[PDB]
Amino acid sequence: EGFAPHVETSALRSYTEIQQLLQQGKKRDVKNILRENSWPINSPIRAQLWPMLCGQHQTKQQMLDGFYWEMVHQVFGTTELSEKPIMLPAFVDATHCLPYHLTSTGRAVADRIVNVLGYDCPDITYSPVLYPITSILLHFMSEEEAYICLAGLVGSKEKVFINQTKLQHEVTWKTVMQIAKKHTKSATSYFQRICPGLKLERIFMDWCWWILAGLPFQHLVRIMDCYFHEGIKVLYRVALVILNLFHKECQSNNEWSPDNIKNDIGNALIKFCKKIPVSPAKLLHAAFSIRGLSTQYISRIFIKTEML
(Lines of atoms letter the chains of each structure in order from A and count residues from 1; the text may use other names and numbers.)
(Lines give C-alpha, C1' and ligand atoms only; values in the text may rest on other atoms or scores of the structure.)
Protein backbone atom coordinates (compact mmCIF):
# COMPACT_ATOMS: atom_id res chain seq x y z
CA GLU A 1 0.00 0.00 0.00
CA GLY A 2 2.33 2.72 1.27
CA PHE A 3 5.78 1.11 1.47
CA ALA A 4 8.98 1.37 -0.57
CA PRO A 5 8.83 -0.16 -4.10
CA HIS A 6 11.32 -2.92 -3.18
CA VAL A 7 8.90 -4.70 -0.84
CA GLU A 8 6.64 -7.75 -1.31
CA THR A 9 3.21 -8.67 0.11
CA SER A 10 2.56 -9.44 3.82
CA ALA A 11 -6.88 10.84 15.75
CA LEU A 12 -3.17 9.95 15.42
CA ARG A 13 -0.51 12.67 15.36
CA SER A 14 1.15 13.80 12.14
CA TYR A 15 4.70 14.26 10.86
CA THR A 16 4.46 18.07 10.83
CA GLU A 17 3.38 18.14 14.48
CA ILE A 18 6.29 15.93 15.55
CA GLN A 19 8.68 17.87 13.30
CA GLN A 20 7.63 21.18 14.87
CA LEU A 21 7.97 19.75 18.38
CA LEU A 22 11.43 18.36 17.68
CA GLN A 23 12.65 21.70 16.28
CA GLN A 24 11.42 23.38 19.47
CA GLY A 25 13.60 20.99 21.48
CA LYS A 26 10.78 18.97 23.05
CA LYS A 27 12.06 15.40 22.78
CA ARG A 28 10.13 14.04 25.78
CA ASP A 29 6.88 15.03 24.08
CA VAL A 30 8.03 13.36 20.87
CA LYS A 31 8.95 10.26 22.87
CA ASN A 32 5.49 10.01 24.40
CA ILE A 33 3.83 10.55 21.02
CA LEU A 34 5.83 7.69 19.52
CA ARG A 35 5.02 5.39 22.45
CA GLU A 36 1.28 6.04 22.24
CA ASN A 37 0.59 6.55 18.52
CA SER A 38 0.04 3.30 16.65
CA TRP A 39 0.34 4.34 13.01
CA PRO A 40 -0.70 1.49 10.69
CA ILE A 41 2.09 -0.42 8.93
CA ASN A 42 1.00 0.84 5.51
CA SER A 43 1.05 4.47 6.64
CA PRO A 44 3.14 6.95 4.59
CA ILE A 45 4.33 8.79 7.70
CA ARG A 46 7.40 6.60 8.32
CA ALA A 47 8.88 7.56 4.95
CA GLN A 48 9.39 10.99 6.53
CA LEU A 49 9.33 10.25 10.27
CA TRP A 50 12.16 7.68 10.37
CA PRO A 51 14.73 9.76 8.44
CA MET A 52 13.98 12.67 10.78
CA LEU A 53 14.17 10.49 13.90
CA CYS A 54 17.51 8.94 12.95
CA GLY A 55 19.02 12.28 11.91
CA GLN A 56 18.60 14.03 15.26
CA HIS A 57 21.47 12.14 16.88
CA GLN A 58 24.19 13.51 14.62
CA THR A 59 24.96 17.22 14.57
CA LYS A 60 25.40 17.74 10.82
CA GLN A 61 22.48 17.32 8.42
CA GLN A 62 23.08 15.01 5.47
CA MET A 63 21.23 15.76 2.23
CA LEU A 64 20.56 13.39 -0.67
CA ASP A 65 22.85 12.76 -3.63
CA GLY A 66 25.73 13.16 -1.20
CA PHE A 67 28.87 11.30 -0.19
CA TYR A 68 27.14 7.90 -0.30
CA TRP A 69 27.23 7.59 -4.10
CA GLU A 70 30.86 8.66 -4.20
CA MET A 71 31.63 5.77 -1.85
CA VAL A 72 29.60 3.41 -4.03
CA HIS A 73 31.91 4.40 -6.90
CA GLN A 74 35.02 3.95 -4.77
CA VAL A 75 33.94 0.53 -3.51
CA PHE A 76 32.32 -1.02 -6.58
CA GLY A 77 33.59 1.06 -9.50
CA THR A 78 30.01 1.31 -10.77
CA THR A 79 26.51 2.26 -9.61
CA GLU A 80 24.76 -0.62 -11.36
CA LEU A 81 23.10 -2.97 -8.88
CA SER A 82 24.51 -6.50 -9.22
CA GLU A 83 21.90 -9.24 -9.70
CA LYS A 84 24.26 -11.86 -8.30
CA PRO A 85 24.41 -11.52 -4.47
CA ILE A 86 27.72 -9.91 -3.50
CA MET A 87 29.98 -10.83 -0.58
CA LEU A 88 29.23 -9.03 2.69
CA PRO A 89 31.81 -7.58 5.10
CA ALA A 90 32.95 -9.86 7.93
CA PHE A 91 31.18 -7.85 10.65
CA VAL A 92 27.83 -9.30 9.57
CA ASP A 93 26.44 -12.54 10.95
CA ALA A 94 25.76 -14.67 7.87
CA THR A 95 23.19 -16.59 9.92
CA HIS A 96 21.17 -13.43 10.49
CA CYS A 97 21.01 -11.37 7.31
CA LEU A 98 17.27 -10.93 7.77
CA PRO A 99 15.52 -9.61 4.63
CA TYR A 100 11.95 -9.65 6.01
CA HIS A 101 9.70 -8.61 3.11
CA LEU A 102 12.36 -7.21 0.77
CA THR A 103 12.47 -8.21 -2.88
CA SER A 104 15.73 -9.52 -4.35
CA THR A 105 16.32 -5.95 -5.52
CA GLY A 106 15.77 -4.61 -2.01
CA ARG A 107 18.13 -7.26 -0.66
CA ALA A 108 20.77 -6.25 -3.21
CA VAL A 109 20.41 -2.64 -2.06
CA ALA A 110 20.93 -3.77 1.54
CA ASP A 111 24.03 -5.69 0.47
CA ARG A 112 25.45 -2.54 -1.11
CA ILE A 113 24.64 -0.30 1.87
CA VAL A 114 26.30 -2.71 4.29
CA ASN A 115 29.48 -2.82 2.19
CA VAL A 116 29.66 0.99 1.99
CA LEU A 117 29.23 1.32 5.76
CA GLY A 118 32.03 -1.19 6.35
CA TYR A 119 34.29 0.75 4.01
CA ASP A 120 33.51 4.06 5.72
CA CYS A 121 33.53 2.68 9.28
CA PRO A 122 36.61 0.44 9.74
CA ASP A 123 36.09 0.29 13.52
CA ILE A 124 33.00 -1.87 13.03
CA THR A 125 34.34 -5.40 13.50
CA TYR A 126 31.23 -7.27 14.67
CA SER A 127 27.63 -6.09 14.27
CA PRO A 128 25.02 -8.82 13.51
CA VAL A 129 22.20 -6.37 14.22
CA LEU A 130 23.21 -3.93 11.48
CA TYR A 131 21.93 -5.87 8.46
CA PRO A 132 18.45 -6.56 9.91
CA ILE A 133 18.05 -2.88 10.79
CA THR A 134 19.07 -1.93 7.23
CA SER A 135 16.40 -4.20 5.74
CA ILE A 136 13.73 -2.75 8.03
CA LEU A 137 14.55 0.85 7.08
CA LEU A 138 14.42 -0.09 3.40
CA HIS A 139 10.78 -1.10 3.81
CA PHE A 140 9.85 2.59 3.97
CA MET A 141 12.60 4.54 2.18
CA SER A 142 15.15 4.44 -0.65
CA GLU A 143 18.80 3.35 -0.60
CA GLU A 144 20.60 6.57 0.33
CA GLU A 145 17.94 7.52 2.88
CA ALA A 146 18.60 4.17 4.56
CA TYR A 147 22.37 4.66 4.56
CA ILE A 148 22.01 8.16 6.01
CA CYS A 149 19.77 6.79 8.77
CA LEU A 150 22.29 4.05 9.61
CA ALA A 151 25.29 6.39 9.64
CA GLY A 152 23.38 8.56 12.08
CA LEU A 153 22.67 5.60 14.36
CA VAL A 154 26.17 4.15 14.09
CA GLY A 155 27.86 7.52 14.55
CA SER A 156 25.80 8.43 17.63
CA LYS A 157 27.93 9.96 20.38
CA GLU A 158 25.77 9.59 23.50
CA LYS A 159 22.87 7.23 22.82
CA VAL A 160 23.72 3.65 21.90
CA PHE A 161 21.78 2.13 18.99
CA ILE A 162 24.06 -0.41 17.34
CA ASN A 163 26.97 -2.28 18.93
CA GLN A 164 30.01 -2.52 16.68
CA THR A 165 32.51 -4.84 18.40
CA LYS A 166 32.52 -8.28 20.03
CA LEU A 167 33.34 -6.70 23.39
CA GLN A 168 30.38 -4.31 23.16
CA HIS A 169 28.18 -7.26 22.17
CA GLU A 170 29.35 -9.34 25.13
CA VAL A 171 28.90 -6.59 27.72
CA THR A 172 25.42 -5.82 26.40
CA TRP A 173 23.96 -9.32 26.72
CA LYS A 174 25.70 -9.69 30.07
CA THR A 175 24.02 -6.42 31.02
CA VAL A 176 20.66 -7.68 29.77
CA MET A 177 21.21 -10.79 31.88
CA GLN A 178 21.81 -8.82 35.10
CA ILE A 179 18.72 -6.65 34.57
CA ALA A 180 16.63 -9.77 33.95
CA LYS A 181 18.01 -11.23 37.18
CA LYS A 182 16.33 -8.32 38.97
CA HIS A 183 13.20 -7.98 36.83
CA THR A 184 12.38 -11.47 35.50
CA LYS A 185 13.96 -13.87 38.00
CA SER A 186 10.85 -16.05 38.24
CA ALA A 187 11.08 -16.67 34.49
CA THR A 188 14.72 -17.81 34.44
CA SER A 189 14.37 -19.65 37.75
CA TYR A 190 11.60 -21.75 36.21
CA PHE A 191 13.65 -22.49 33.10
CA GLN A 192 16.50 -23.79 35.25
CA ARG A 193 14.07 -26.03 37.13
CA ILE A 194 12.42 -27.79 34.18
CA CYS A 195 15.80 -28.00 32.44
CA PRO A 196 18.55 -28.88 34.94
CA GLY A 197 22.06 -27.91 33.84
CA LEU A 198 20.74 -24.99 31.77
CA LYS A 199 23.29 -22.25 31.14
CA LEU A 200 21.39 -18.95 31.12
CA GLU A 201 24.24 -17.34 29.18
CA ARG A 202 23.52 -19.36 26.03
CA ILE A 203 19.97 -18.03 26.22
CA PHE A 204 20.78 -14.37 26.84
CA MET A 205 23.37 -14.32 24.03
CA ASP A 206 20.40 -14.38 21.65
CA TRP A 207 18.24 -11.83 23.47
CA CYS A 208 18.15 -9.51 20.43
CA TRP A 209 16.94 -12.28 18.14
CA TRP A 210 13.75 -12.70 20.19
CA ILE A 211 12.91 -9.27 18.81
CA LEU A 212 14.58 -9.10 15.40
CA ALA A 213 14.13 -12.74 14.36
CA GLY A 214 11.03 -13.61 16.39
CA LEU A 215 8.37 -10.91 16.75
CA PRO A 216 5.88 -10.34 13.89
CA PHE A 217 6.68 -7.50 11.49
CA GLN A 218 3.99 -5.16 12.81
CA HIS A 219 5.37 -5.46 16.36
CA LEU A 220 8.90 -4.80 15.07
CA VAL A 221 7.91 -1.63 13.24
CA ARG A 222 6.24 -0.08 16.29
CA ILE A 223 9.33 -0.92 18.35
CA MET A 224 11.56 0.74 15.75
CA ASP A 225 9.44 3.92 16.04
CA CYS A 226 10.56 4.37 19.66
CA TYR A 227 13.99 2.78 19.24
CA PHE A 228 15.08 5.33 16.59
CA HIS A 229 14.31 8.04 19.14
CA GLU A 230 15.44 6.51 22.46
CA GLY A 231 18.10 3.96 21.55
CA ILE A 232 18.88 0.40 22.63
CA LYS A 233 17.11 0.73 26.02
CA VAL A 234 13.84 0.25 24.11
CA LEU A 235 15.11 -3.19 23.07
CA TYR A 236 16.04 -3.99 26.69
CA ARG A 237 12.48 -3.29 27.88
CA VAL A 238 10.87 -5.44 25.20
CA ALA A 239 13.32 -8.27 25.96
CA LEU A 240 12.17 -8.25 29.59
CA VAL A 241 8.49 -8.22 28.59
CA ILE A 242 8.99 -11.16 26.23
CA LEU A 243 10.49 -13.20 29.09
CA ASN A 244 7.59 -12.42 31.44
CA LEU A 245 4.97 -13.13 28.78
CA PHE A 246 6.57 -16.45 27.84
CA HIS A 247 6.73 -17.41 31.51
CA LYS A 248 3.04 -16.58 31.98
CA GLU A 249 2.24 -18.70 28.92
CA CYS A 250 4.31 -21.63 30.22
CA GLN A 251 2.02 -21.77 33.25
CA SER A 252 -1.28 -22.09 31.39
CA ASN A 253 -0.64 -23.13 27.77
CA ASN A 254 -0.09 -26.75 26.68
CA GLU A 255 2.09 -25.83 23.71
CA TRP A 256 4.73 -24.63 26.15
CA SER A 257 4.54 -27.51 28.63
CA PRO A 258 7.97 -28.57 29.99
CA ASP A 259 8.34 -31.54 27.60
CA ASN A 260 7.56 -29.32 24.61
CA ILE A 261 10.29 -26.79 25.42
CA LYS A 262 12.96 -28.20 27.77
CA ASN A 263 15.25 -29.56 25.03
CA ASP A 264 15.79 -26.09 23.58
CA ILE A 265 14.35 -23.17 25.53
CA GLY A 266 16.03 -20.62 23.28
CA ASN A 267 14.14 -21.85 20.24
CA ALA A 268 10.90 -22.05 22.20
CA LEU A 269 11.24 -18.31 22.83
CA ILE A 270 11.62 -17.65 19.10
CA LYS A 271 8.62 -19.80 18.22
CA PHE A 272 6.63 -18.11 20.98
CA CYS A 273 7.54 -14.65 19.66
CA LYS A 274 6.43 -15.60 16.13
CA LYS A 275 2.90 -16.06 17.49
CA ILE A 276 3.11 -13.57 20.35
CA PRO A 277 -0.29 -13.51 22.11
CA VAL A 278 -0.35 -9.71 22.56
CA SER A 279 -0.82 -6.79 20.17
CA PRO A 280 1.96 -4.27 19.38
CA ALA A 281 0.31 -1.63 21.59
CA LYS A 282 0.02 -3.99 24.57
CA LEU A 283 3.64 -5.05 24.07
CA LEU A 284 4.81 -1.43 24.15
CA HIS A 285 2.58 -0.63 27.13
CA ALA A 286 4.21 -3.27 29.31
CA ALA A 287 7.66 -2.38 27.97
CA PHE A 288 7.29 1.27 28.98
CA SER A 289 5.63 0.46 32.31
CA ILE A 290 8.95 -0.94 33.52
CA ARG A 291 10.81 1.35 35.93
CA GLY A 292 14.34 1.52 37.32
CA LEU A 293 15.85 1.55 33.85
CA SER A 294 17.39 5.02 33.93
CA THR A 295 20.29 5.95 31.66
CA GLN A 296 22.47 6.22 34.79
CA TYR A 297 21.53 2.84 36.31
CA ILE A 298 22.20 1.01 33.04
CA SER A 299 25.47 2.89 32.49
CA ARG A 300 26.67 1.99 36.00
CA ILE A 301 25.86 -1.72 35.74
CA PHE A 302 27.40 -1.63 32.25
CA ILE A 303 30.81 -0.50 33.48
CA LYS A 304 30.48 -2.77 36.53
CA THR A 305 30.22 -5.61 34.02
CA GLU A 306 33.10 -4.23 31.95
CA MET A 307 35.36 -3.60 34.95
CA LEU A 308 34.31 -6.89 36.60
The other form holds:
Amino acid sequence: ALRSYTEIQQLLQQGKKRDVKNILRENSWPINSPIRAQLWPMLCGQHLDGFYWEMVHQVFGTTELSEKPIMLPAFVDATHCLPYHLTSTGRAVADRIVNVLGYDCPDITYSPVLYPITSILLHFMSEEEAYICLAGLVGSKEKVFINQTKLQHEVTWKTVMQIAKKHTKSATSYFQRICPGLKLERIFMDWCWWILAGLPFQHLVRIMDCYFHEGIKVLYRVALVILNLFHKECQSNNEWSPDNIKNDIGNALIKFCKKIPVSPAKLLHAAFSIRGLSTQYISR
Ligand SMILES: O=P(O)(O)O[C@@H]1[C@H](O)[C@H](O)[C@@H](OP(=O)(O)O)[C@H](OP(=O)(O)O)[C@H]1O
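Provide the structure of the form deposited with D-MYO-inositol-1,4,5-triphosphate bound, given the form solved without D-MYO-inositol-1,4,5-triphosphate shown above.
Time for the whole complex; same chain goes first.
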Protein backbone atom coordinates (compact mmCIF):
# COMPACT_ATOMS: atom_id res chain seq x y z
CA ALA A 1 0.00 0.00 0.00
CA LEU A 2 1.15 3.53 -0.81
CA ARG A 3 1.19 6.50 1.57
CA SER A 4 -1.52 9.18 1.38
CA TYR A 5 -1.62 12.98 1.34
CA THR A 6 -3.24 13.46 4.75
CA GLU A 7 -0.73 11.11 6.37
CA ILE A 8 2.18 13.21 5.11
CA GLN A 9 0.48 16.52 5.97
CA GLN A 10 0.20 15.30 9.56
CA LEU A 11 3.87 14.33 9.71
CA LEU A 12 4.68 17.72 8.18
CA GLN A 13 2.73 19.65 10.82
CA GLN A 14 4.38 17.47 13.47
CA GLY A 15 7.70 18.27 11.81
CA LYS A 16 8.96 14.84 10.74
CA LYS A 17 10.67 16.09 7.58
CA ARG A 18 13.07 13.14 7.32
CA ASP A 19 10.09 10.80 7.51
CA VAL A 20 8.40 12.83 4.78
CA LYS A 21 11.64 12.99 2.79
CA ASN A 22 11.96 9.21 2.94
CA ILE A 23 8.31 8.60 2.07
CA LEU A 24 8.70 10.80 -1.00
CA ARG A 25 11.82 8.84 -1.99
CA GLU A 26 10.23 5.39 -1.69
CA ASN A 27 6.55 5.90 -2.52
CA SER A 28 6.17 5.65 -6.29
CA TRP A 29 2.66 7.07 -6.69
CA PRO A 30 1.36 6.41 -10.23
CA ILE A 31 1.26 9.15 -12.87
CA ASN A 32 -2.53 9.43 -12.57
CA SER A 33 -2.70 9.58 -8.76
CA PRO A 34 -4.73 12.54 -7.42
CA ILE A 35 -2.32 12.99 -4.50
CA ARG A 36 -0.06 15.42 -6.36
CA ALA A 37 -2.87 17.94 -6.73
CA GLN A 38 -2.58 18.18 -2.95
CA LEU A 39 0.95 16.93 -2.19
CA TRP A 40 2.91 19.36 -4.36
CA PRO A 41 1.25 22.66 -3.36
CA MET A 42 2.02 21.76 0.26
CA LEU A 43 5.65 20.77 -0.32
CA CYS A 44 6.36 24.02 -2.17
CA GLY A 45 4.47 26.02 0.44
CA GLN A 46 6.58 24.77 3.35
CA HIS A 47 9.59 26.96 2.49
CA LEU A 48 -2.68 37.19 -0.72
CA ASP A 49 -5.66 34.89 -1.33
CA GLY A 50 -6.29 36.32 -4.79
CA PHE A 51 -2.94 38.08 -5.20
CA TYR A 52 -2.18 36.26 -8.45
CA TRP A 53 -5.19 37.58 -10.36
CA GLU A 54 -4.42 41.10 -9.20
CA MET A 55 -1.02 40.68 -10.85
CA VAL A 56 -2.68 39.12 -13.90
CA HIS A 57 -4.89 42.18 -14.21
CA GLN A 58 -2.13 44.77 -13.76
CA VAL A 59 -0.08 43.13 -16.53
CA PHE A 60 -2.67 42.13 -19.11
CA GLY A 61 -5.59 44.39 -18.17
CA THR A 62 -7.95 41.42 -18.05
CA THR A 63 -8.61 38.04 -16.44
CA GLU A 64 -9.38 36.57 -19.87
CA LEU A 65 -6.74 34.31 -21.42
CA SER A 66 -5.44 35.52 -24.77
CA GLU A 67 -5.30 33.31 -27.85
CA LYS A 68 -2.58 35.55 -29.27
CA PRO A 69 0.81 33.97 -28.51
CA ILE A 70 2.11 35.63 -25.35
CA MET A 71 5.51 37.34 -25.17
CA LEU A 72 7.83 35.84 -22.57
CA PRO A 73 10.20 37.79 -20.28
CA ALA A 74 13.87 37.73 -21.28
CA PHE A 75 14.95 35.46 -18.42
CA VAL A 76 13.42 32.44 -20.16
CA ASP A 77 15.53 30.21 -22.37
CA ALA A 78 13.62 30.62 -25.64
CA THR A 79 15.09 27.29 -26.73
CA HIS A 80 13.86 25.59 -23.55
CA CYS A 81 10.24 26.54 -22.92
CA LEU A 82 9.56 22.82 -22.56
CA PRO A 83 5.78 22.20 -22.75
CA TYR A 84 5.77 18.41 -22.26
CA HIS A 85 2.17 17.18 -22.42
CA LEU A 86 0.52 20.59 -22.01
CA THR A 87 -2.28 21.45 -24.43
CA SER A 88 -2.25 24.73 -26.37
CA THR A 89 -4.24 26.26 -23.51
CA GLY A 90 -1.81 24.74 -21.03
CA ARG A 91 1.13 26.47 -22.70
CA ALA A 92 -0.70 29.81 -22.83
CA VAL A 93 -1.30 29.55 -19.08
CA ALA A 94 2.39 28.84 -18.49
CA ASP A 95 3.22 31.91 -20.58
CA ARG A 96 0.92 33.96 -18.36
CA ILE A 97 2.49 32.67 -15.14
CA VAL A 98 6.09 33.43 -16.15
CA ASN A 99 4.97 36.89 -17.30
CA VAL A 100 3.45 37.52 -13.88
CA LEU A 101 6.56 36.18 -12.14
CA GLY A 102 8.79 38.40 -14.27
CA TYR A 103 6.53 41.31 -13.34
CA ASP A 104 6.50 40.70 -9.58
CA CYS A 105 10.07 39.38 -9.31
CA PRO A 106 12.23 41.90 -11.23
CA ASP A 107 15.48 40.43 -9.87
CA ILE A 108 15.01 37.29 -11.97
CA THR A 109 17.34 38.07 -14.88
CA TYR A 110 18.24 34.58 -16.08
CA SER A 111 16.28 31.45 -15.21
CA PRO A 112 16.07 28.85 -18.02
CA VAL A 113 14.71 26.40 -15.44
CA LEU A 114 11.66 28.40 -14.39
CA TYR A 115 9.45 27.73 -17.43
CA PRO A 116 9.95 23.93 -17.65
CA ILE A 117 9.04 23.62 -13.96
CA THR A 118 5.95 25.81 -14.42
CA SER A 119 4.81 23.40 -17.12
CA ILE A 120 5.33 20.42 -14.81
CA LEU A 121 3.33 21.98 -11.98
CA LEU A 122 0.49 22.69 -14.41
CA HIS A 123 0.09 18.96 -15.09
CA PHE A 124 -1.39 18.37 -11.63
CA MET A 125 -2.80 21.64 -10.28
CA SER A 126 -4.51 24.88 -11.28
CA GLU A 127 -2.87 27.98 -12.76
CA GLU A 128 -3.02 29.92 -9.50
CA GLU A 129 -1.72 26.99 -7.44
CA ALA A 130 1.20 26.54 -9.85
CA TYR A 131 2.04 30.21 -9.38
CA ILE A 132 1.97 29.98 -5.58
CA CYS A 133 4.30 26.97 -5.76
CA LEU A 134 6.72 28.89 -7.99
CA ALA A 135 6.73 32.05 -5.88
CA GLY A 136 7.41 29.85 -2.87
CA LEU A 137 10.35 28.09 -4.53
CA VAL A 138 11.91 31.19 -6.11
CA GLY A 139 11.63 33.20 -2.89
CA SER A 140 13.07 30.45 -0.68
CA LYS A 141 15.72 31.98 1.58
CA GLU A 142 17.40 28.84 2.94
CA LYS A 143 17.03 26.10 0.33
CA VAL A 144 17.86 26.64 -3.34
CA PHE A 145 15.41 25.52 -6.04
CA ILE A 146 15.52 27.80 -9.06
CA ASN A 147 18.55 29.87 -10.09
CA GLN A 148 17.59 33.42 -11.01
CA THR A 149 20.75 35.17 -12.24
CA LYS A 150 23.32 34.16 -14.85
CA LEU A 151 25.97 34.28 -12.13
CA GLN A 152 24.04 31.80 -10.00
CA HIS A 153 23.47 29.69 -13.11
CA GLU A 154 27.19 29.39 -13.76
CA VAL A 155 28.27 28.85 -10.16
CA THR A 156 25.76 26.00 -10.13
CA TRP A 157 27.00 24.09 -13.19
CA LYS A 158 30.56 24.68 -12.00
CA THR A 159 29.59 23.17 -8.64
CA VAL A 160 28.07 20.18 -10.44
CA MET A 161 31.29 19.92 -12.46
CA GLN A 162 33.41 19.87 -9.31
CA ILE A 163 31.19 17.21 -7.73
CA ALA A 164 31.21 15.09 -10.88
CA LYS A 165 35.02 15.27 -11.12
CA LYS A 166 35.22 13.24 -7.90
CA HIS A 167 31.97 11.24 -7.60
CA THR A 168 31.82 10.22 -11.26
CA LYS A 169 35.53 10.65 -12.03
CA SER A 170 35.58 7.67 -14.40
CA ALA A 171 32.82 9.11 -16.59
CA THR A 172 34.55 12.49 -16.88
CA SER A 173 37.98 10.96 -17.49
CA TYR A 174 36.30 8.82 -20.13
CA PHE A 175 34.98 11.95 -21.84
CA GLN A 176 38.42 13.58 -21.94
CA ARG A 177 40.00 10.41 -23.33
CA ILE A 178 37.64 9.69 -26.24
CA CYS A 179 37.62 13.41 -26.98
CA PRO A 180 41.06 14.95 -26.35
CA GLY A 181 41.18 18.74 -26.11
CA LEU A 182 37.52 18.79 -25.08
CA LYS A 183 36.86 21.17 -22.21
CA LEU A 184 34.35 19.63 -19.81
CA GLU A 185 32.77 23.05 -19.20
CA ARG A 186 31.00 22.82 -22.56
CA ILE A 187 29.37 19.60 -21.35
CA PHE A 188 28.30 20.60 -17.83
CA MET A 189 26.82 23.95 -18.90
CA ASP A 190 23.85 21.87 -20.05
CA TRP A 191 23.60 19.57 -17.02
CA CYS A 192 20.01 20.45 -16.11
CA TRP A 193 18.81 19.71 -19.64
CA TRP A 194 19.74 16.04 -19.31
CA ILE A 195 17.06 15.93 -16.63
CA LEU A 196 14.49 18.48 -17.80
CA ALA A 197 14.81 17.84 -21.54
CA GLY A 198 16.04 14.25 -21.65
CA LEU A 199 14.53 11.97 -19.01
CA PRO A 200 11.01 10.72 -19.79
CA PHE A 201 8.13 12.59 -18.09
CA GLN A 202 7.50 9.60 -15.84
CA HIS A 203 11.01 9.96 -14.36
CA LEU A 204 10.77 13.75 -14.03
CA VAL A 205 7.61 13.48 -11.93
CA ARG A 206 9.14 11.23 -9.28
CA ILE A 207 12.17 13.54 -9.28
CA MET A 208 9.93 16.57 -8.76
CA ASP A 209 8.32 14.80 -5.78
CA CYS A 210 11.60 14.81 -3.86
CA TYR A 211 12.90 18.04 -5.41
CA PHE A 212 9.97 20.12 -4.12
CA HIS A 213 10.90 18.93 -0.63
CA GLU A 214 14.71 18.73 -0.59
CA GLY A 215 15.75 21.21 -3.26
CA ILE A 216 18.29 21.36 -6.07
CA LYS A 217 20.60 18.75 -4.51
CA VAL A 218 18.21 16.06 -5.72
CA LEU A 219 18.95 17.32 -9.23
CA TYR A 220 22.70 17.15 -8.50
CA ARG A 221 22.32 13.50 -7.51
CA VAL A 222 20.38 12.50 -10.63
CA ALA A 223 23.02 14.21 -12.77
CA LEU A 224 25.68 11.94 -11.25
CA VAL A 225 23.54 8.84 -11.81
CA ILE A 226 22.94 9.68 -15.46
CA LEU A 227 26.69 10.14 -15.96
CA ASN A 228 27.44 6.75 -14.39
CA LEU A 229 24.67 5.06 -16.38
CA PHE A 230 25.91 6.68 -19.60
CA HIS A 231 29.52 5.61 -19.07
CA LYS A 232 28.43 2.06 -18.22
CA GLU A 233 26.28 2.03 -21.34
CA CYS A 234 29.16 3.34 -23.48
CA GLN A 235 31.32 0.37 -22.49
CA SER A 236 29.31 -2.27 -24.47
CA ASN A 237 26.54 -1.18 -26.77
CA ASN A 238 24.58 -0.11 -29.86
CA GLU A 239 24.96 3.57 -30.66
CA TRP A 240 26.83 4.89 -27.64
CA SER A 241 30.17 3.65 -28.97
CA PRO A 242 32.98 6.27 -28.87
CA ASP A 243 32.78 6.91 -32.62
CA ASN A 244 29.14 8.03 -32.64
CA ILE A 245 29.24 10.17 -29.50
CA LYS A 246 32.68 11.84 -29.63
CA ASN A 247 31.28 14.32 -32.14
CA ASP A 248 28.79 15.60 -29.58
CA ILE A 249 28.78 14.08 -26.08
CA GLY A 250 26.36 16.81 -25.11
CA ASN A 251 23.42 15.61 -27.10
CA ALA A 252 24.58 12.02 -26.82
CA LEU A 253 23.67 12.38 -23.16
CA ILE A 254 20.32 13.94 -24.07
CA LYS A 255 19.51 11.13 -26.50
CA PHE A 256 20.55 8.54 -23.90
CA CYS A 257 18.21 10.06 -21.32
CA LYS A 258 15.21 9.89 -23.66
CA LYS A 259 15.80 6.14 -23.79
CA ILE A 260 17.12 5.76 -20.23
CA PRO A 261 17.37 2.03 -19.42
CA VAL A 262 16.25 2.27 -15.77
CA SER A 263 12.85 2.77 -14.14
CA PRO A 264 12.09 5.99 -12.22
CA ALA A 265 12.43 3.98 -9.00
CA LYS A 266 15.78 2.39 -9.94
CA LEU A 267 16.97 5.83 -11.05
CA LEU A 268 16.01 7.35 -7.70
CA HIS A 269 17.52 4.42 -5.80
CA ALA A 270 21.01 5.17 -7.14
CA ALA A 271 20.83 8.92 -6.53
CA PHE A 272 20.13 8.64 -2.82
CA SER A 273 22.69 5.87 -2.36
CA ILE A 274 25.34 8.54 -2.97
CA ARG A 275 27.08 9.61 0.23
CA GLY A 276 29.31 12.50 1.27
CA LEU A 277 27.27 15.20 -0.43
CA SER A 278 27.20 17.60 2.52
CA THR A 279 25.39 20.89 1.88
CA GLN A 280 28.39 22.93 3.03
CA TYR A 281 30.71 20.62 1.09
CA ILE A 282 29.05 21.87 -2.09
CA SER A 283 29.46 25.40 -0.73
CA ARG A 284 33.21 24.85 -0.60
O1 LIG B 1 25.83 10.74 5.85
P2 LIG B 1 26.23 11.02 4.45
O3 LIG B 1 26.59 9.71 3.78
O4 LIG B 1 27.45 11.95 4.42
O5 LIG B 1 25.00 11.68 3.65
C6 LIG B 1 24.57 13.03 3.90
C7 LIG B 1 24.79 13.46 5.34
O8 LIG B 1 24.08 12.59 6.18
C9 LIG B 1 24.33 14.89 5.61
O10 LIG B 1 23.96 14.99 6.98
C11 LIG B 1 23.17 15.42 4.77
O12 LIG B 1 23.59 16.67 4.20
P13 LIG B 1 22.89 18.02 4.73
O14 LIG B 1 21.96 17.68 5.87
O15 LIG B 1 23.98 19.01 5.21
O16 LIG B 1 22.10 18.65 3.59
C17 LIG B 1 22.61 14.56 3.64
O18 LIG B 1 21.20 14.56 3.74
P19 LIG B 1 20.34 14.32 2.44
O20 LIG B 1 20.38 12.87 2.05
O21 LIG B 1 18.93 14.71 2.71
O22 LIG B 1 20.87 15.16 1.31
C23 LIG B 1 23.10 13.11 3.61
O24 LIG B 1 22.86 12.54 2.33
